[PDB]
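S.K.: Read off the chains here:
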Amino acid sequence: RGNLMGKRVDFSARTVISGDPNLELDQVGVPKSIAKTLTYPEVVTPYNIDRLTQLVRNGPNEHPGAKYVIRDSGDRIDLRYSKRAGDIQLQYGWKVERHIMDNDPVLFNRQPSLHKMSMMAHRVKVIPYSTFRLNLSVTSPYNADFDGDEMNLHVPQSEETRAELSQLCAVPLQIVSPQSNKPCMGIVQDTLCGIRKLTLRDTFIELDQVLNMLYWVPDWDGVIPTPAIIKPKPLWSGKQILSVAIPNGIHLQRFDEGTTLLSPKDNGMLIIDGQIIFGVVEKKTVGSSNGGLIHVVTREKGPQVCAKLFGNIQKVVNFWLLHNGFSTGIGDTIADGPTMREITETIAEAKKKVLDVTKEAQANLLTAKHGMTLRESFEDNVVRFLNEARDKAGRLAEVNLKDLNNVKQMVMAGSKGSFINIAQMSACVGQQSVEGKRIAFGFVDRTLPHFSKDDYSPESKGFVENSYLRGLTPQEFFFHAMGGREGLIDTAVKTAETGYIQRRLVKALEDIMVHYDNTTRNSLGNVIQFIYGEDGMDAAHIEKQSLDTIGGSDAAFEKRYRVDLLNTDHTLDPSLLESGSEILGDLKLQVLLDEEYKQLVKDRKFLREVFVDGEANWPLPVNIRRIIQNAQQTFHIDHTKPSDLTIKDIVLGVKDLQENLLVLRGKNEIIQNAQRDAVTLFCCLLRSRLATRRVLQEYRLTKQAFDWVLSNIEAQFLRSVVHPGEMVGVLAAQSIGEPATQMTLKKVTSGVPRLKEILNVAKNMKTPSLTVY
Amino acid sequence: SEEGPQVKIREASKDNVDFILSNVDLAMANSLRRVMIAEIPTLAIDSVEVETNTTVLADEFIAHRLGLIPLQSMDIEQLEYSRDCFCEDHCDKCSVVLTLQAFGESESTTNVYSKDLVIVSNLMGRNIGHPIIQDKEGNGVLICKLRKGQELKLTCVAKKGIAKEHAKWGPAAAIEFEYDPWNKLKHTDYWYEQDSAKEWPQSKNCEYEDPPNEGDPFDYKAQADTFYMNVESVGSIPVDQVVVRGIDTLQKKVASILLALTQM
Amino acid sequence: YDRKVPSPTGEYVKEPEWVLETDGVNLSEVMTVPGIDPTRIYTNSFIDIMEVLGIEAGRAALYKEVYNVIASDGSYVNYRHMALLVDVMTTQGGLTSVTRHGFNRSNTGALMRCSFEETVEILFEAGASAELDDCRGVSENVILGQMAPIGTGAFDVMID
Amino acid sequence: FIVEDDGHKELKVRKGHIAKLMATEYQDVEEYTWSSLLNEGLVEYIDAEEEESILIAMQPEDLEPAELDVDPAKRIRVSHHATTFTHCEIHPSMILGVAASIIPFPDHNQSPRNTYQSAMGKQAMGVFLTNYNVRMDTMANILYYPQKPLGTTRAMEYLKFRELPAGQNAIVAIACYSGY
Amino acid sequence: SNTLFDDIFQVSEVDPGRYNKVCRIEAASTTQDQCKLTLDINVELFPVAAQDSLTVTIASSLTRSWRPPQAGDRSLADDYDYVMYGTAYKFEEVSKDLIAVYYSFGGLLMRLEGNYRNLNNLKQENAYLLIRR
Amino acid sequence: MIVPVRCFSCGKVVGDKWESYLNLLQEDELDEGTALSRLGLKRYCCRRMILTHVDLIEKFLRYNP
Amino acid sequence: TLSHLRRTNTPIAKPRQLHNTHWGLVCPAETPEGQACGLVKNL
Amino acid sequence: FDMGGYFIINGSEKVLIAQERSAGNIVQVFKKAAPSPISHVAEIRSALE
Amino acid sequence: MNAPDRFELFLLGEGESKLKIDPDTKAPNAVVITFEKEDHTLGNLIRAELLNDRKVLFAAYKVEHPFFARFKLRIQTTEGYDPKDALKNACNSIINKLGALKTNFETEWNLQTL
Amino acid sequence: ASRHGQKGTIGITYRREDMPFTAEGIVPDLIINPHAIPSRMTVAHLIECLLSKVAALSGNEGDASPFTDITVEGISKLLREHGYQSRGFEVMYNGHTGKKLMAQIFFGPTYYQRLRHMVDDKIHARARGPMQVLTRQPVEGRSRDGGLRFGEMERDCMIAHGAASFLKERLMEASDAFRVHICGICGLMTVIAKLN
RNA sequence: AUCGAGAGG
Ligand SMILES: [Mg+2]
Ligand SMILES: [Zn+2]
Ligand SMILES: [Zn+2]
Ligand SMILES: [Zn+2]
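Chains as they are written, first to last, in PDB author numbering: chain A, 337 to 1081, 1092 to 1119; chain B, 2 to 265; chain C, 1287 to 1446; chain D, 638 to 643, 647 to 668, 676 to 714, 721 to 833; chain E, 2 to 63, 76 to 146; chain F, 1 to 65; chain G, 491 to 502, 509 to 539; chain H, 197 to 245; chain I, 1 to 114; chain J, 981 to 1176.
Worth double-checking, as some hints may not be accurate.
Calculated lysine-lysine pairs in the DSS-like style (CA-CA distance at most 30 Å, straight line) [as the list claims (entries may be wrong)]: (1) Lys880(A) <-> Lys1350(C); (2) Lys253(B) <-> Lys55(I); (3) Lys228(H) <-> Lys510(G); (4) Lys813(D) <-> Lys59(F); (5) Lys227(H) <-> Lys1109(A); (6) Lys813(D) <-> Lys210(H); (7) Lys222(B) <-> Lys567(A); (8) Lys1092(A) <-> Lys227(H); (9) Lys228(H) <-> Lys1092(A); (10) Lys103(E) <-> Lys136(E); (11) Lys109(E) <-> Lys620(A); (12) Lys687(A) <-> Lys619(A); (13) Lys136(E) <-> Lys569(A); (14) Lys1102(J) <-> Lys727(D); (15) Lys1350(C) <-> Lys1290(C); (16) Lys227(H) <-> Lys773(A); (17) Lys830(A) <-> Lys228(H); (18) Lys103(E) <-> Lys567(A); (19) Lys1102(J) <-> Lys72(I); (20) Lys510(G) <-> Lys830(A); (21) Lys1290(C) <-> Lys695(A); (22) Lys1079(J) <-> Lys830(A); (23) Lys687(A) <-> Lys705(A); (24) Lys228(H) <-> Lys1109(A); (25) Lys1109(A) <-> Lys689(A); (26) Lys18(I) <-> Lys94(B); (27) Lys789(A) <-> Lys649(D); (28) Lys1102(J) <-> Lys187(B).
It should be emphasised that the hints constitute simulated quantities derived from the structure, not laboratory data.
Could you build the full structure based on these sequences and the hints that come with them?
M.R.: Right, here's the structure in full:
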């Protein structure tokens, strides 16, 4: 374990890290003193000898330079103090151990390495200071802070190794992660706060700042966008400038809570061809969310486009924020005098509730519910009362905070903060817990020697009603310290336990690989799975989509999918199809729709069988909402003209498309049936969305766009397949172990201890339970 | 007087000038104050050789303090940058050599000020190198303290530089800078609990501008063209000279750009 | 418990139901009690499920337990990873632990198993039993400093 | 402190004793010392097993009698509900160590932050000793211009901080600026 | 290249929801009883009190890079006093003989409801909205 | 360990003002804020220089050589 | 230095917790992080 | 300002950390886990002066 | 250790030219000027004065990294107007305004008493 | 770090002209991010800044001792008596441009400590270097020109990525590769390789 | 080398 599975390596660097808004995502800022030490053995060829000769002329004491020359004989020339490092005549076939230089592929790493995303490849960018510099939207997979963190760097030594770094482990390749089938990176901190401050309808920009922001976009087209206001004064909206960073052909739809198509509170998000229509931009739009900007762009334009998108968004928002400013002080912790009066009134009211319950318990007039102790009921009730009091005081505070409250600004943006933060800082920090219960009688029948014996009051057992603004009393201080000490012990223990758990998982699944027969075997030929994930899809190519045959009344299902040419009232309106009236009452063209509806009903029955609770949103490979939205733009569909789609076209084309979807390839019955199984749910999705009434009335496609959608679905499906050689065992182990490392803290074992019980198949669980229906 | 930016001096001393800069685009005023901070030259100690140091301080400590000492720089344009002069290390046309020797002869602690600095090089009749002394008791900056027996004997070389290279070459301390004291342009959105007008204090410069009319709409085409400035000098260069040389330096940079265009 | 159920109109609506939660477990005898639904009975003691309802039910209960562990934190991990873990724990007929006595007592090569725990006793017994290592495990090739059958190494490149 | 009956319960320490103590301090008459309080039965040593049998106040004002118009910004102190006191705390801030006694307003921070600062204050540079120029230590770091804190703690006077400080009073802005 | 819609509205409602420089405005069409308007308006630039009557015009022109209006030679297409530029994003058929159009002027929003305009207000980014005293 | 020459923030020279400050306190029975204002130190950036300075040299000077 | 000269060690049934009896005797806050938390203490 | 309390061994300054221990001569009553045939224990560890 | 020498903020290096000029891509009659060894002091003023020329359609500036003292200025003008001439006029206007400022300040100073 | 667990490293140093400035000309010695206040809940940091502002202005000391009746309101009333916004906010102008910032800045003295963790005590790059006598692997330690450790976790990540060649290069050519002759019958490292 | 202590994320 110390010299074979892991050892010390040459060509390695390690340094304190800091952030840089002006570094591209896949770039790493390398100190010049480090670049002079790490070398690459470039072989002299006619393509490099004019460059390598000058490099070696520079020498090792300055960069770009070189440190050694290796000849055909195998002898080594030390350029530091060889007498002939001025008359070096380079011959082809030699090697120059040249200095590391810009846009070299290097392997950047932070420890612990719970992730393949913990060791990603970066392009070298030699910078003139002693710290490793990296873009902020790469801090998340590394879990890197800039408070003293050190990170390590490794240099490949062969063209094959550089190829592996740049075409497998590169940062843009790792944007969408198979763990959680979502992006692992997003816009954070200053960028995330300013992007919300900037996307408001109150945010307007004048010509000078607009032009500076426009030029700040590196991939700018030079077309100054026409302002949203012209006559009184040329004024741009922050959304207008920000959409310059968004590539053309990007469509994003999302509705949040009270979102009309007029979005009164500027909720949700609507981006129509890289120009946002409505919606304040915050962590839902631009974070590492499922279906956010990053997911859509990475899947639509590609990893490199998204990687530049990170930089463009940062460079516009950071500039706007730099010239707009943002701060925070104790002012943002104060609520109105009326508010604090209500808050302390609420706290006293809950204290009176507890006192009444306590006198009731002392009178032996309590009705302990079945199962639990009298005292257990008393505790439960008091803890519930105090938790409610803290939360109600917190809501009073949060309601009282204006929209200028910088803490509320950060919380609304999602950059930093939560409800409990505001509540404890400005209303009441709440109840303190040790080992999951209130403060115990560490003394004889009392918590502190300043209390009388047998005192179960909120104050005596660890209820802090003061806020961090107000100030904690000595007993409240000690109780808070007791809880916080428990928190530190939990942290320092969970780390070691989860490291051991992660190592056991990785060692147990390290040899699991998808072979070329689409199976999932190990170092013995033993089969683990016959199809990886029972569907054979790379998890990075999978997104939550709704199965539209699951939900709704049977009446709405009929209204959506039923096509009856044998009824004047339930037939395709002739404005939805060129063959409108010519198709009414067609007997032969109704057996097709009847088989379509029959398979749709069978789909609904099957899916309701599989997904009992009727949950329609499930992670499936190919996103068809986006393909339809694209087809409505690449072919500029208008909804007044009728389509040119024969019913035969739609139905038989979707049938053929189902036939054309492949995961396995063999020509025998059992492999054909395994293929037919592995595509069943996706074909259910296909039938739910590619229905004749749907394709005609819900998005009026033409035959051109329809064939385009068919081919695009086929392509993306074939591109979402697992790649043979994928080490899905290590990926699975790390994808389970990393979220376990972030586990930290109702009478059930959970978290790391329960995971340990599951993994060691412990016979004597601490909480065995039977759930009887 | 002359068409263009106008100046009205509110108050003036040998250390401060408070004035109003009218009919100026803002970027010019900002560039002027940046230049007054960063770009105008000064004489300061840029080398120290320590023959003896028996003090409780370190040589580099004292060297830092000596570099921070203010020295006379009125006739500084009559001095050469050592990087531009043709001497070996320094000459009389690019540098000024100061000498400082002090000894603890008295039983009581013997302080070492900047009045104890001795010019050794030949000034050639220019106001240069005399340490600035504004202490009312005639001494200078307290540079060191000596116990009976300790001594400090050293030679400094003072060269030409600007605050960009090191802050010791800064002639100005603080530049007070305000505009639109009523926030008519709405250039900042005030933060409040109950009332912005009551929780934010009123500017001394509010009196010099008429209060807005509440019934007036927002002047969406207004621009900042009247600034309130106060320049404070360390004393190495007089305040009037600080601002005048700031202006001259800025237009000299612009002329350098123009000459580069000519050469292209 | 609140339950989502298809109403007669076809929608999905909440239909609350009384549910019994025990503090102990004897699955074999409780599910025979009349007046309950023996189709829906469940336990957090998946080993009891393995020895009562078969191995596949144990697999499903294992996935459910791990899933609830992940979801307690509000975290999400794709089905495939946890499914792979559970299949590995299950694909040998019973429940194999991720532990010294478990996956590291298998048909795998001795060099792989010695790289986890009980490092030297494994090699001793391998020598005594005269074991043979295929060197098709990744740990073997790591120890031998050879390119391993992993991704880029799961195939060979030759000339045309 | 020792609490005893006297026309109510009151601490045996009186303002005359404080006057004599401070007179002894100002000499830097028979000097009035801590041992004199200990011998005159004004103060008492208590271990953990004995403070199980005692009731401790928190302020000498908790022995004041009772009888609304309050300051809304102050902490919610509780009417102590208690009597039969035997002792009083010398000062609640005395529950802390030498590290945490440097923290300003630690009663407004969450406890892990106070733990972190107590761990990091031992890494702050400053004058660790006035005789640093006379010792030959394996390693030493000293601030050029140590500054005594603008936010002090009445515990610092006994910890000699403002004589041997370990940081500087930096003009700090809280701002998003250039993104660095 | 010409006008696509023109009417006069009596403003009914003004709503400054959480904003300091923008109000959403609800207006009923003068000389119509089935046409209504919702519109975000920069009330700092062009203040709009209730019960005002405002001439509203949707245009098409009078793309390439935006140019400042030279020194005065350029001729506008607007004796109006508040002009914006947006994009249509939904063509909602509210009912039979009822259509509504949604425009986004840089995130400011317009919802217009009527029936008669048919050879106008097409699926086009081109949308200059002009407003007269 | 001895009076800084200039305020770190703005650069106003403060090294000439230490003995004057001490004499204003002890000699003239003044308080710290009034002395700081009298010595021309109006900005708190300048004021924290003199006000919060520990002059450790007068202790180093107590060692013999 | 002061913190080092007032330090305790516990050679190892819930020791790392801040017990109630610690009031006034050992510091509630000053403890190491990591696997010495609660075992090493400062008076 | 030096406070003392340390030793000087081979020139290096050394500190004796306080070792925490359970006091002796105290009788304590403990329970035993369910799979144990004895229900309670009364221990005392007899430390001399 | 890795810190660059301070004089690299204002002293041009070997072969470094004060002005570099490159025609822009995908914008007619536009150019990008790289100023070496300068910062906001000059770029902000030049852009502000360029924005006052009624025949200048676009003018922006940016410092791609605070580490390096250099910036980029993009200028696009009306046809039949070389952007270099627009820069010349802006610079001359700046110098005239500064000269007027210096003259007026010297007048007002000589008017004062202290 | 401040005295409240707010540790940080320098990310960049700006000269005075580029720094934001108050109307009085005062400039921050230091600038911290608001995104580190709400998660950590260290109000005392902000109260310290307020109290220190008032103390420097009035030439008094700030009693930031625990368990006193020193409220935020009293400090704020004193500060407003000194002509500054009661909650420590201050209008600040941008250095690059000179125009005010829309947001006002919480600005004031705060005690900060310089810690023993400096960068040039941490830099380390190796390339080739000294080797261990027994394992023929790189030695351990920056102070020994040693190498970094490519532990089992890093091996796991490289396996998960599918980069077999990089894994081999790290484990052999960047460490302890060796050529040994073996018998085709004994199968052991036995052959006497009298090479030349 | 060994052993140990302290500390950083
Ligand atoms: Mg960190
Ligand atoms: Zn010379
Ligand atoms: Zn100052
Ligand atoms: Zn053999």
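S.K.: List, from low to high, the hint numbers that the structure doesn't satisfy.
M.R.: 11, 12, 14, 19, 21, 22, 25, 28
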